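Presented below, as structure tokens, is a lone chain in the form deposited in one PDB entry.
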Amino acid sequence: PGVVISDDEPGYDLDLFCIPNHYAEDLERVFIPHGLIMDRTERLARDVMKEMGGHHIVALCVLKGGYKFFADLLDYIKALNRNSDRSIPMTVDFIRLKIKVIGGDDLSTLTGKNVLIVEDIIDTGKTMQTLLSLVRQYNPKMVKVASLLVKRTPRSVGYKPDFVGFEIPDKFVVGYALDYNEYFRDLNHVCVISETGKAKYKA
């Protein structure tokens, strides 16, 4: 169930960290520091290789929010593979969701393969429910899902990923590729958005 961040977690003062100046007024607190995300991701990579390392893996990135987690998770997986006795090749693909998948290879590349789906965040779990359905029709050897964040919410349809970075409360977070109206993707920490930031970048 990953690293549990409780509802009462204050987070960290912005001034205790290096923060891009253009977002200085737009953030309330640092919620999950970049380095903590790395540490957690290093362990997740090992759990992935343990469960899925026996056969060729197709890593599927869910753009856009998933791009940072995906890149770093794969870098840790690569670090394992070039310092071990045994490994399996990995292929990568990228998709965007619209219950319609856009971009990416013909999903026949997934049959017979060990498919790892990489998301930034699970909320109600409906987005993942639909995607898994589309994927399992192509009869892959195995489908697992890694999500950096899983929200505790009375709206979850019951779905839970196989790999979870952090279990967080239902707050709106940004950073580490997670966005608010396309903003805050260029931020290494996961942070909570300020009220003024929310008004300034509102559409």
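Numbering follows the first chain given and starts at 1. Here, rigid core means the biggest group of C-alpha atoms that superpose within 1.5 Å across both forms. First, how it differs from the form deposited in another entry.
No residue of 64, 50, 160, 136 other than 64 has its CA displaced by 2 Å or more between the two forms when the core is superposed. The two forms, fitted on the rigid core, differ between the two forms by 2 Å or more at the CA of residue 88.
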Given for the second form:
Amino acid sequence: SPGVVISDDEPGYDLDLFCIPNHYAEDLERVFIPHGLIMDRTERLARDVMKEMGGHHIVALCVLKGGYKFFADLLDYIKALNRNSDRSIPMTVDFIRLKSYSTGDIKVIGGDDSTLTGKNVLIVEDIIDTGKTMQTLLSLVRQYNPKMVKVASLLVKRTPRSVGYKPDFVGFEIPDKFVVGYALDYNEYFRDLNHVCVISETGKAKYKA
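Next block: the form deposited in another entry, after the form deposited in one PDB entry:
There are no partners or other molecules in what follows, just the one chain.
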């Protein structure tokens, strides 16, 4: 299942239908995915996750993108599914330093996946674009002979440039457009905006350096 598909021809919402920080008001084009919708769509994701992974210890890894938020918001729901459990069950949390840097940067450095050998792994990225990053990330997590590997992602841009990666868990599948907000940033800006919006030709301009 593809997640919630948003069409190419999607208009999104006027910036006025919600609360957008006034300081980003010329920088943003449209709200595409309002905060609460992400939340609910994420609640369910968690669920499809546990369906096939609850029951045994798992290792949730965060891609080091610098977008911890979604990872968090998802872990919180994965934790609330775990209480109902009858026996206690550990879970380990972590970031993967690196995502298309390779080899022996994995055999050791990324071999603290020596720690992954034999365990069930769940990788968490926020948006997937060309897929490169991720794919080069399974190659190596793979060398570790993990027992199993799933990949949840919040967004899956549909680009002619996909390099074929299709995660196991999708929240939303989007047009190929440039988004910020919620858990995506731009040069360290838009971290305080919690709806996924399209950025404007102007926004992308002034934010740089």
